[PDB]
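One-letter residues, chain by chain:
Protein chains: 2
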Amino acid sequence: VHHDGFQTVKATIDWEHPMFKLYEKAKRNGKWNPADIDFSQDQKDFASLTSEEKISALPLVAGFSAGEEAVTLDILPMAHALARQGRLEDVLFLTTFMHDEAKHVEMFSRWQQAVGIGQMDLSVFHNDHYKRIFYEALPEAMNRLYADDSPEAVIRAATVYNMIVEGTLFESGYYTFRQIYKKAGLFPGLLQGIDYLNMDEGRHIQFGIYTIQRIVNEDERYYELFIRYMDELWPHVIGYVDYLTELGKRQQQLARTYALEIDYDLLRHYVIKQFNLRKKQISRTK
Amino acid sequence: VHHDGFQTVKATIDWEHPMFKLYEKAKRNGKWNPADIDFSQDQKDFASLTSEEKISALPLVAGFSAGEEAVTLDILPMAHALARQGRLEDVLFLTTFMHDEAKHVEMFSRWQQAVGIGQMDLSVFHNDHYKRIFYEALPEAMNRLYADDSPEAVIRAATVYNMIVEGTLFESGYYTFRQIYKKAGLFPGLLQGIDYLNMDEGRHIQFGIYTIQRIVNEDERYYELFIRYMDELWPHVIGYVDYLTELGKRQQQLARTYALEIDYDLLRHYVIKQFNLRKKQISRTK
Ligand SMILES: [Fe+2]
Ligand SMILES: [Fe+2]
Ligand SMILES: [Fe+2]
Ligand SMILES: [Fe+2]
Ligand SMILES: [Mn+2]
Ligand SMILES: [Mn+2]
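Chains as they are written, first to last, in the deposited numbering: chain A, 2 to 287; chain A', 2 to 287. A prime marks a further copy of an entry chain.
Fair warning: there could be bad hints in the mix.
Chain copies aren't distinguished; within one or between two, either way the pair holds.
To be verified - Cut-off 20 angstroms, straight-line C-alpha distance, at most; resulting in silico cross-link-like pairs (SDA-like, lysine to any residue): (1) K11 / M121; (2) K22 / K32; (3) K45 / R85; (4) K32 / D201; (5) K22 / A115; (6) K280 / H270; (7) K11 / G117; (8) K32 / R204; (9) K22 / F126; (10) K32 / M200; (11) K45 / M121; (12) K26 / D39; (13) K11 / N128; (14) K11 / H130; (15) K11 / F126; (16) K26 / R88; (17) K11 / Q114.
Hints in this document: simulated from the structure, not taken from any laboratory.
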């Protein structure tokens with residue numbers, strides 16, 4: 002449907018808008034290029050691994066590649082909904098969000114190619130709970146926005162996308178990967194990639210917090226909605242975590258070899274901790 | 002609706018895809034930031050102008066600010082349609098397309114703020130023909146893709162967006178602005194902005210050419226469709242050009258003052274020339 006007018010012809014960008022300020026930061030700090038990462042050492046490292054050390058790494062890489070791909074694709078409806086509501090600064094910021102995700106998908110896919118598992122189908126490490134979140138709930142909640150951009154639909158989208166997928170699962174997965182492979186001294190290029198990624202994702206969660214909070218601010222009721230959508234997903238979050246935990250426990254060599262005490266009961270608590278932490282960034286009134 | 006799987010878990014990005022290669026170039030050459038442009042001289046220049054020299058510049062700025070805003074918003078459905086068709090490399094490239102446009106809107110809006118016309122409503126320089134293209138035909142053709150992503154709907158979208166708006170009108174408008182204000186020595190910051198912009202837009206047109214050509218390649222019939230949608234818009238293109246021409250002719254001082262022979266009959270022929278040129282980049286068979 003038509004345009005009514007244009008904000009930058011009638012007025013200007015709102016230079017003080019919190020999302021314009023996040024946009025300015027995204028440009029300043031968003032310069033990294035996955036094509037510049039030297040993966041030659043990751044290649045040698047992965048080859049040097051035994052065939053069962055090799056698979057120890059792959060479940061997490063399978064959850065991330067798919068994860069980054071899904072969120073690259075599934076942010077588009079948010080951008081549309083907010084655009085149609087006239088929230089131009091939000092939209093400007095979301096262009097950097099989307100391009101960041103594109104680079105995240107790119108980065109993992111380059112790592113897979115370079116270490117020589119590009120031809121390998123990693124779908125086999127997505128259990129039913131992973132599919133529920135990434136193959137199903139994430140795209141259902143975002144796509145809904147094309148026909149329903151009610152406060153309730155926008156809170157639920159930002160909750161599933163930003164608070165659970167990015168704010169709980171990805172955050173914990175970055176922590177985990179660094180806890181394990183940084184201590185072993187493995188996969189320097191990938192870890193460099195993860196670090197850049199982790200920095201981008203700091204902005205992304207700030208958009209979700211801003212979005213959920215500005216809706217909650219209109220009406221307290223929406224707070225209980227937020228808490229509820231969080232608790233609804235939790236079973237699928239921990240059920241993916243158990244599945245991974247249980248995979249990694251039946252492969253103990255890399256932990257033995259590189260001699261790393263993978264405290265699964267410490268990772269598990271980080272997930273639990275991230276989740277509660279996200280709840281605390283939304284207040285019933287603010 | 003659900004995801005079936007993920008290309009970067011089953012396989013990798015198609016590193017040889019023409020849109021992945023355009024994505025890589027966009028990252029390398031897409032580093033400019035409008036926030037870094039020094040507009041202090043543009044401010045002094047605009048103040049130094051007489052009040053009727055001042056308005057000589059504004060119609061074109063009004064067509065561009067709105068123009069950049071519209072295309073920032075109206076590329077989203079293309080990204081969605083291609084995403085839903087599984088064209089991941091296209092989508093990656095389109096993240097850079099969208100962010101480029103965000104910066105284009107940003108750049109003009111900064112120029113308006115800096116020269117002190119930010120509070121001025123420039124909508125008054127959008128005649129009926131401009132509205133037909135930008136307020137109406139552009140968003141109708143893009144949004145259609147949400148419900149109809151037939152070859153025919155995708156060709157028409159790329160034609161209106163990339164071949165007419167960007168490939169004909171914007172291209173000509175950049176040429177014009179540089180023909181006039183570069184020769185006068187005015188508005189150095191804006192021209193710097195326009196130059197960066199013109200470089201980004203080289204990639205954008207290559208996506209539209211790629212998109213139209215890959216559809217035409219399936220079936221010659223679509224070529225006549227392409228030519229026809231081009232010819233349908235032309236009246237609105239030249240009717241905006243006459244309106245501008247006719248504005249600039251009833252303001253002759255800046256042309257007198259800065260002593261520039263604004264050959265309107267040379268600009269007019271550039272528009273005609275860009276248009277035919279775009280037709281020639283699509284072949285009935287290739
Ligand atoms: Fe993210
Ligand atoms: Fe289960
Ligand atoms: Fe463009
Ligand atoms: Fe007319
Ligand atoms: Mn990401
Ligand atoms: Mn542009």
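Outcome of the hint check:
When the C-alpha separation of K11 and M121 is checked against a cutoff of 20 angstroms, the pair qualifies only between copies, where the shortest distance is 7 angstroms, while the shortest distance within a copy is 54 angstroms. Taking CA atoms no more than 20 angstroms apart as the test, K22 paired with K32 passes in both settings, with 17 angstroms inside one copy and 18 angstroms between copies. In this homomeric assembly, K45 and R85 never come within 20 angstroms of each other (Cα to Cα): the closest approach is 49 angstroms inside a single copy and 37 angstroms across copies. Taking the shortest alpha-carbon separations for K32 and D201, both the intra-copy value of 10 angstroms and the inter-copy value of 16 angstroms come in at or below 20 angstroms.
For a Cα distance limit of 20 angstroms, the shortest separation of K22 from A115 across copies, 18 angstroms, qualifies, whereas the shortest one inside one copy, 37 angstroms, does not. In this assembly of identical chains, the alpha carbons of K280 and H270 lie at most 20 angstroms apart only when taken from the same copy (16 angstroms versus 61 angstroms across copies). Proximity of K11 and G117 under a CA criterion of 20 angstroms is satisfied inter-copy only: 13 angstroms between copies versus 54 angstroms inside one chain copy. Taking identical chains as interchangeable, the C-alpha atoms of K32 and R204 lie at most 20 angstroms apart whether they share a chain (14 angstroms) or sit on different chains (19 angstroms).
Taking the shortest alpha-carbon separations for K22 and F126, neither the intra-copy value of 39 angstroms nor the inter-copy value of 30 angstroms comes in at or below 20 angstroms. When the C-alpha separation of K32 and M200 is checked against a cutoff of 20 angstroms, the pair qualifies both within a copy, at 11 angstroms, and between copies, at 18 angstroms. Taking the shortest alpha-carbon separations for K45 and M121, only the intra-copy value of 18 angstroms comes in at or below 20 angstroms, while the best inter-copy value is 62 angstroms. Taking the shortest Cα distances, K26 and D39 sit within 20 angstroms of each other only across copies (19 angstroms), while inside one copy they are farther apart (26 angstroms).
For a Cα distance limit of 20 angstroms, the shortest separation of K11 from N128 across copies, 15 angstroms, qualifies, whereas the shortest one inside one copy, 52 angstroms, does not. Taking identical chains as interchangeable, the C-alpha atoms of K11 and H130 lie at most 20 angstroms apart only when they sit on different chains, with a minimum of 19 angstroms there against 49 angstroms within one chain. When the C-alpha separation of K11 and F126 is checked against a cutoff of 20 angstroms, the pair qualifies only between copies, where the shortest distance is 11 angstroms, while the shortest distance within a copy is 52 angstroms. Only within a single protomer do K26 and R88 lie at most 20 angstroms apart by alpha-carbon distance; the minimum there is 18 angstroms, versus 30 angstroms between protomers.
Only between protomers do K11 and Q114 lie at most 20 angstroms apart by alpha-carbon distance; the minimum there is 12 angstroms, versus 49 angstroms within a single protomer.
Checked against the numbered hints given earlier, this structure breaks hints 3 and 9; the rest are met.
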